[PDB]
Amino acid sequence: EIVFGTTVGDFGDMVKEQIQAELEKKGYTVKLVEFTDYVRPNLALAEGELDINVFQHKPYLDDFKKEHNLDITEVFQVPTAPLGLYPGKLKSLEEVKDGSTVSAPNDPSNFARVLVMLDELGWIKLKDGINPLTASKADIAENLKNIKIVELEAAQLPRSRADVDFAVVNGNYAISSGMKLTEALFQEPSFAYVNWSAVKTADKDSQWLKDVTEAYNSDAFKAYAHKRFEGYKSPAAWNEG
Amino acid sequence: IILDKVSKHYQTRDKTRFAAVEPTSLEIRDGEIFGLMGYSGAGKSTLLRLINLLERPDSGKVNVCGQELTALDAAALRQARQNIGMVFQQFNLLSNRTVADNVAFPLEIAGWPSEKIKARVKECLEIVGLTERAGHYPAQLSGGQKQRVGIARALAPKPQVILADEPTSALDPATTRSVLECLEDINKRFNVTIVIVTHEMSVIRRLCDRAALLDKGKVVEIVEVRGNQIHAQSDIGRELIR
Amino acid sequence: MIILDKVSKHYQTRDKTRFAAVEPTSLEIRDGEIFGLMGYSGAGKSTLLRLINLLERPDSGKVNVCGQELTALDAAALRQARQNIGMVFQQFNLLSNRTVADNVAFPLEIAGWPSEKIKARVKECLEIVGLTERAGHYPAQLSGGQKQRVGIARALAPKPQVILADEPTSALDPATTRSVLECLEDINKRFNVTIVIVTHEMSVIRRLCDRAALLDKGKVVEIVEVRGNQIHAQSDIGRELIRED
Amino acid sequence: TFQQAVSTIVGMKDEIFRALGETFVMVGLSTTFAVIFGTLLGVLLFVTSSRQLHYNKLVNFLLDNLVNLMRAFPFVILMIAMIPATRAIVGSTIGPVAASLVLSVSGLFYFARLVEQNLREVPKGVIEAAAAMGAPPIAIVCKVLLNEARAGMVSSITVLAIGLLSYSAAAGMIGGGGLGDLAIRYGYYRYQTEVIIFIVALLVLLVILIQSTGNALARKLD
Amino acid sequence: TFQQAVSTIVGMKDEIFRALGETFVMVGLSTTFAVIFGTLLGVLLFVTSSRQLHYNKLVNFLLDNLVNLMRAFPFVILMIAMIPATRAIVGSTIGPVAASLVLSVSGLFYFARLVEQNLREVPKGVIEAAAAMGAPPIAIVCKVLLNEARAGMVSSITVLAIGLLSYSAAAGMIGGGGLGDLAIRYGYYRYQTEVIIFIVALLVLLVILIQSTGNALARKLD
Numbered sequence: 001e002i003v004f005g006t007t008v009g010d011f012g013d014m015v016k017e018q019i020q021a022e023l024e025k026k027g028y029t030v031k032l033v034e035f036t037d038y039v040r041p042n043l044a045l046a047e048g049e050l051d052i053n054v055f056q057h058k059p060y061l062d063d064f065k066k067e068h069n070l071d072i073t074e075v076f077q078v079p080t081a082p083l084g085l086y087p088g089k090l091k092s093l094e095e096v097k098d099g100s101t102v103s104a105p106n107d108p109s110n111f112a113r114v115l116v117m118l119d120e121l122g123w124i125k126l127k128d129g130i131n132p133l134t135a136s137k138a139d140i141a142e143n144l145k146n147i148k149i150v151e152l153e154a155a156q157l158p159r160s161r162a163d164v165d166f167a168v169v170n171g172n173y174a175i176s177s178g179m180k181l182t183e184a185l186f187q188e189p190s191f192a193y194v195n196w197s198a199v200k201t202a203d204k205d206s207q208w209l210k211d212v213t214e215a216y217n218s219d220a221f222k223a224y225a226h227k228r229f230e231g232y233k234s235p236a237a238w239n240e241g
Numbered sequence: 001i002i003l004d005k006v007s008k009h010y011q012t013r014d015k016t017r018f019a020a021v022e023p024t025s026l027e028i029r030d031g032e033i034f035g036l037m038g039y040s041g042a043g044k045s046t047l048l049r050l051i052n053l054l055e056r057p058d059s060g061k062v063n064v065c066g067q068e069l070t071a072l073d074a075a076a077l078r079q080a081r082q083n084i085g086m087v088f089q090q091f092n093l094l095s096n097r098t099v100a101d102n103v104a105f106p107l108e109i110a111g112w113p114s115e116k117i118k119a120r121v122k123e124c125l126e127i128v129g130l131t132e133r134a135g136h137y138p139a140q141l142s143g144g145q146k147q148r149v150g151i152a153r154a155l156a157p158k159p160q161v162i163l164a165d166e167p168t169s170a171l172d173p174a175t176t177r178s179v180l181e182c183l184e185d186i187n188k189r190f191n192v193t194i195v196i197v198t199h200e201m202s203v204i205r206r207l208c209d210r211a212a213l214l215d216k217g218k219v220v221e222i223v224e225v226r227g228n229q230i231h232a233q234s235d236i237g238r239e240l241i242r
Numbered sequence: 001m002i003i004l005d006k007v008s009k010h011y012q013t014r015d016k017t018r019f020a021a022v023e024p025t026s027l028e029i030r031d032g033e034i035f036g037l038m039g040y041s042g043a044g045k046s047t048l049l050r051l052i053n054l055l056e057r058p059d060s061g062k063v064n065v066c067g068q069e070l071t072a073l074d075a076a077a078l079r080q081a082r083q084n085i086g087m088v089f090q091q092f093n094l095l096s097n098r099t100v101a102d103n104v105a106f107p108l109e110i111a112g113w114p115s116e117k118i119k120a121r122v123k124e125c126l127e128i129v130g131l132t133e134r135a136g137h138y139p140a141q142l143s144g145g146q147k148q149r150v151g152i153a154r155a156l157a158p159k160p161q162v163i164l165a166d167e168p169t170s171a172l173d174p175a176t177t178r179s180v181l182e183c184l185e186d187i188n189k190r191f192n193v194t195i196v197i198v199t200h201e202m203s204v205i206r207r208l209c210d211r212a213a214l215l216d217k218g219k220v221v222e223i224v225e226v227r228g229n230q231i232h233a234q235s236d237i238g239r240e241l242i243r244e245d
Numbered sequence: 001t002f003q004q005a006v007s008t009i010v011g012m013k014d015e016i017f018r019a020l021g022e023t024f025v026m027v028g029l030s031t032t033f034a035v036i037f038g039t040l041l042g043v044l045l046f047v048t049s050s051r052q053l054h055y056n057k058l059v060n061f062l063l064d065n066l067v068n069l070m071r072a073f074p075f076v077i078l079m080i081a082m083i084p085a086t087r088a089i090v091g092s093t094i095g096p097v098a099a100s101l102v103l104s105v106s107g108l109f110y111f112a113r114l115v116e117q118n119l120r121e122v123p124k125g126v127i128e129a130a131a132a133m134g135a136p137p138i139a140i141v142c143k144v145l146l147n148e149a150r151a152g153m154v155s156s157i158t159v160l161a162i163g164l165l166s167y168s169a170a171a172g173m174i175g176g177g178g179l180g181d182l183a184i185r186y187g188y189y190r191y192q193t194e195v196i197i198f199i200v201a202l203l204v205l206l207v208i209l210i211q212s213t214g215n216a217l218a219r220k221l222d
Numbered sequence: 001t002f003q004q005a006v007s008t009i010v011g012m013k014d015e016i017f018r019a020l021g022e023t024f025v026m027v028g029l030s031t032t033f034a035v036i037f038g039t040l041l042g043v044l045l046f047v048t049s050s051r052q053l054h055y056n057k058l059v060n061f062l063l064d065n066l067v068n069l070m071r072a073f074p075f076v077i078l079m080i081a082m083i084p085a086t087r088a089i090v091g092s093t094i095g096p097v098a099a100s101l102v103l104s105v106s107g108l109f110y111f112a113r114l115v116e117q118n119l120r121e122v123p124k125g126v127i128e129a130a131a132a133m134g135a136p137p138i139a140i141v142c143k144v145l146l147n148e149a150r151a152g153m154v155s156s157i158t159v160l161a162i163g164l165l166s167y168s169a170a171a172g173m174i175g176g177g178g179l180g181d182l183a184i185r186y187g188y189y190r191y192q193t194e195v196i197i198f199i200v201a202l203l204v205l206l207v208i209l210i211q212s213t214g215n216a217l218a219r220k221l222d
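Residue numbers (this note's numbering), protein chains in the order written: chain V, 1 to 241; chain W, 1 to 242; chain C, 1 to 245; chain E, 1 to 222; chain L, 1 to 222.
Some clues are possibly wrong.
Simulated coverage check for chain E against chain L, where a stretch passes if three residues somewhere in it have a Cβ under 8 angstroms from a Cβ of chain L [what the hints assert, rightly or not]:
#1 138-148
#2 158-168
So these bits of chain W aren't anywhere near chain E, every CB distance computed over 10 angstroms [claimed, not checked]:
#3 3
#4 17
#5 56
#6 78
#7 79
#8 80
#9 81
#10 97
#11 106
#12 109
#13 191
#14 206
Don't read these hints as lab results, they were simulated from the structure.
Heads up, the beta-carbon is just placed ideally off N, CA and C, and yes, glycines get one too.
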């Protein structure tokens, strides 16, 4: 048997459509547990209600493993949502004003990517050299353009275009609102936030985990992922492409 | 005031308060007190509701101050309802408004001027004397007071008929002597044509004009009580007299 | 015997309670006799009748019942004593969603008697009143007179030691009443003849009481034996009550 | 231990003052519209089924099955379905006003089913007396039935407010605003043990107060 | 588009039955406890509110405050706080049984408060009569509280059942419980309008069936 934790959506979709049938061909009975809350999947992993979980990214594992002193490890990177800035009430970047509005995810680590991208736009400056994995409003050295940030739930970001000037879209909701996924004004080159499968550290060598890793690196899985998650930021194992 | 006819009837385990009220009719003349008498329940503890059409009968029709009532539309029936007064076996009142305010209530429905209501309540409260504790609530006073509240409530709107359901008979006879004196005056001055139910002979002999004696949803006799003497003819009537 | 002793219920300056204050008062009732109680509603139809059960407590005074003080018992023993004494009430207070035959069974369920002797006593006290025919009927099948018999039957079932009435036959007819009172006289054949009762009227009292008390505003003005259906009142203001003849 | 005193007071004051302001307006306004329109609908439910003032078997059946559907259908899902209509009315999808709208729709249908109790429970014969004295149906309801069940209406509004408080926290995470929109920032995500105990304390004191107000007035208005 | 929608639905066949099979456990089981302990709590509050049994002013006030504190305390936060205790008792925190425990906890207080309506609102006379008869408080609960008020209790049960259904959507997120999880799938993450309309219709049926059952029971009791 093998027990998986994912969030709902793209990572649980990877398990439901392709990886689950792949491991059953390989003799493993998979159980999927789906989460809508970030805290429960890791605890359940360290507590052994799960054998594995692909929802954690490199920054999140480090906070939660430190804070809760957990016996867990990453194992391999997985295809990850690009992040990108999109037209809202304003249609091109140059239109930005003192007091313009931007919609962004309320997640601490995805807020950290957003902050790193607005510094790459040069709209704000962050205190460069401060921890990137845990950046926040206080890590804004200067709100150069006095931008009015709007923290939201990520699935609301596609509808927010009408309400805010420009709207960062997580990328998990850009390609499901796929009709507008092409309209990105900016793109994310940061590799500090890659998604990463994870296990209890004692599990790291197990043949079942090697067969999960192989399923996650099988040619059938690559064919399925290219087809289902087009434009996602690949594992460095895939040459990041 | 006359019935054409009435009746109302119930199947086995249809089970309203009593078994059927039978084919029946009467004329109650103007300026006349008319009594109803007989063993308990029996549809007689209900029968008077049929006059105000508060139960619709299974049969027949009724005329009151000219108008036949059963044919009326509900909005016309309001004025018929307004001009005919009634009082009951239970006190049937608005808990969360005062005594004086319960007395004002029908007059609010009369649409009377504020001072006309105030005057009429002060009048009717004083006629029953209970002006002395009218700023009051039902836990504060007793059933005797509450009878006078019913009486005044019925009285105040100057209705052309009253349909008493043992309100003055409800008290014990010694207490009743001081109140019965009121109804006599009300009849003499306004020819109220007051109709009353009872299960006690004594009150009839000391108040009324004609008595229907009754059983099984039907008449035993109608008798004159004039001369303070009930001139009955049946042995059932004699038992009811005793 | 019963002994009634300096009993009062003084209230507040507002005096916004059920009635006006009631004064320190005392009496004695015997094993062999029927006692009637009479006044005007100004004194209070309730009078101190609820306090006889100790639904209230004397602000002055005390209460012997069957020769035993009740204000001192002050325990589940006082409730147990209450279970043994008969009363009927101005308000029917019947359960609505059980048959009146089962409202008749409800007092014996309190006594905890074996259910067979419950069935027996029930049918007995129910047929004594004669309401056995309309016992199975819920309260949407009745008039006041049926409901009265229900209260009366409910009271009778224990063969209780001592008896209290509350102006019952104000809304009832004579031959049922006569027969009911003839049953209470048969109860005198049983251990106790004590039948305490309120009616402010004369008609009933003249017909069948042994003794009576006349009162206003919490003052008793005379007690009178009744003889040959005559009160023989000595009291002047009592005679204003006797004018009600 | 002083870590706890410092961590909260310096930062959180600035947000708390807004998070509170958002919370109160969102509960208050939604409650008003819920009690207002819910009253009228509750009356209709009763008076159609009363068979005394008026009757209609069919309208009664239709309105009940509607009310049933809307009372039980899930609130969060209904809010997502109501976004286009909401934006078209409010002029935007985001803020306490937009939440107050969807909250009020749930509260509207919530309210009326309660009041059904408040009427079926009431004593019969006074209705017959009102009919016996020939009042218009509108007068009966308006100037009798409320006062008779006045203590009943205070209880119902008290409990509805407490419900809408829990509902407002759920409404706020998706739409923005409210102490729920704080708690998810300092719990569920970036969880902090000391900040969570402060929000818990504020709730306790506020929710005693509203209920204690309700019980005092309901007691006065027997 | 119609044929595309219809042909799609056939694919989800087994998953739908597994979501529904889950849902009955959460709602049914949690309801039982809610009605059970909520009864005792409401009764105990009421008897200490009255001179019947024993009148305890202080105990009454403290217990009343606790019920208000727990109803108004937020559900989602409470679930997250309950994690360590829930894990020790059930042997897990994932799944419908663990979630139903948390549902039921909320339900105890909500049901006791609902019970309180019905208890405080009875007509005095019969209680006064049995008390005059020297009856013990056990007999008073054994029949006297029930005889009429049991219809209002069917109403209370009916609203409670419908309430636990809405909360089951919210627990559906974390516990992966039944139709709440199903509505989180192909909802915010993906937009499949066809299965939304199907879920809406499936719920609509359940709603009508529940309230129709409640309505009939309450009608037949009096």
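A quick look at each hint next to the structure:
no.: 1; hint: 138-148; result: violated (count 0)
no.: 2; hint: 158-168; result: holds (count 4)
no.: 3; hint: 3; result: holds, 19 angstroms
no.: 4; hint: 17; result: holds, 13 angstroms
no.: 5; hint: 56; result: holds, 12 angstroms
no.: 6; hint: 78; result: violated, 4 angstroms
no.: 7; hint: 79; result: violated, 7 angstroms
no.: 8; hint: 80; result: violated, 7 angstroms
no.: 9; hint: 81; result: violated, 3 angstroms
no.: 10; hint: 97; result: violated, 7 angstroms
no.: 11; hint: 106; result: violated, 5 angstroms
no.: 12; hint: 109; result: violated, 5 angstroms
no.: 13; hint: 191; result: holds, 22 angstroms
no.: 14; hint: 206; result: holds, 28 angstroms
In summary, the structure is inconsistent with hints 1, 6, 7, 8, 9, 10, 11 and 12 from the numbered list given earlier, while agreeing with the others.
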